[PDB]
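One chain comes next, on its own, written out as structure tokens in the form deposited in one PDB entry.
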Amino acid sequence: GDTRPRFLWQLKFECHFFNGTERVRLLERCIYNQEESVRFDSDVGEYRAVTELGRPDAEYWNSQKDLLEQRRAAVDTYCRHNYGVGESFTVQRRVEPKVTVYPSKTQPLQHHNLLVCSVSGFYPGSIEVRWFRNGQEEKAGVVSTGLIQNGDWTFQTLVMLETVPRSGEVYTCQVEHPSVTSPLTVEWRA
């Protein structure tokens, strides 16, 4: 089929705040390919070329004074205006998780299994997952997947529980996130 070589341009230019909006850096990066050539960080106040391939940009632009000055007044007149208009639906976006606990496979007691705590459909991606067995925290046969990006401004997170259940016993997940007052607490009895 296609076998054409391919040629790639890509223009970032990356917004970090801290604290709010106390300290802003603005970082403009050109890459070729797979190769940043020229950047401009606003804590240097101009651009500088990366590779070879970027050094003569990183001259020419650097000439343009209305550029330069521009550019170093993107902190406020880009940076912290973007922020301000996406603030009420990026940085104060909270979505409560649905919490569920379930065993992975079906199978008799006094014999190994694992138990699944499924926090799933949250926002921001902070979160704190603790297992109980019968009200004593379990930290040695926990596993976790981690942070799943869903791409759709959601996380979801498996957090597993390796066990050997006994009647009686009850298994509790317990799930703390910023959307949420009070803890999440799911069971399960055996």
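Here the rigid core means the biggest group of C-alpha atoms that line up within 1.5 Å when the two forms are laid on top of each other. Residue numbers count along the first chain shown, from 1. What changes on going to the form deposited in another entry:
Among the residues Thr100, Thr77, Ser88, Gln110, the single one whose Cα moves by at least 2 Å between these two forms, once the core is superposed, is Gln110. Once the cores line up, the CA of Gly54 ends up less than 2 angstroms apart between these two forms. Core-superposed comparison between these two forms: the CA of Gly20 stays below a 2 Å shift. Relative to the superposed core, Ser167 undergoes a Cα shift of 2 Å or more between these two forms.
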Contents of the next structure:
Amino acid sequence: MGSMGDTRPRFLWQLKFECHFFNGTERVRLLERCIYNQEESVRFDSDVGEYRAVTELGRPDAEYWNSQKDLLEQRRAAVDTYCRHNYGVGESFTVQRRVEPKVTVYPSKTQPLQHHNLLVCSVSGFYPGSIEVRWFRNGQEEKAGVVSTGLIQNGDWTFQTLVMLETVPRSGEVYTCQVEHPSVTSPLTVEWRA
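Alt. form deposited in another entry, vs. the form deposited in one PDB entry above:
Only a single chain is listed, so you will not see partners or other molecules.
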């Protein structure tokens, strides 16, 4: 029983230095976090300016590090020497990265409802994550019957989403999957003519 061997207990220590950016680099917040197992125990927050204990386990470390004035000076300036530095290192291929979605429309292999056509809009390969995928019937946005997978991260600097619509396809009806995404100034559209 157990899906893998070597069940000795484990002990885990994580350190995270988070640089949070608002309006470009107009505002910056550095958050250093120390986590033992699954419990954060002490942090430095640049909006605070000193180490603080999150749990009891972290109290000696806050006390020790707050006694080190060089260290506090260094951390207090890291919003500049670290966050804004690293922001500028990578801005052109991270912040500025724009990869256009590929959009395809097709009938589901599953057609559960007689006289209905279940349609699928596949939106893939795009960057960054912010996107809107919507269905239109003729000139009207469909506000009912739509189902979305929401945003899916692929782990490789691309995303995808899948949006389905049950249609009662009449003659002369045109169904359009329409995508708004920061990589394009005009929406992407792919149409299905019933």
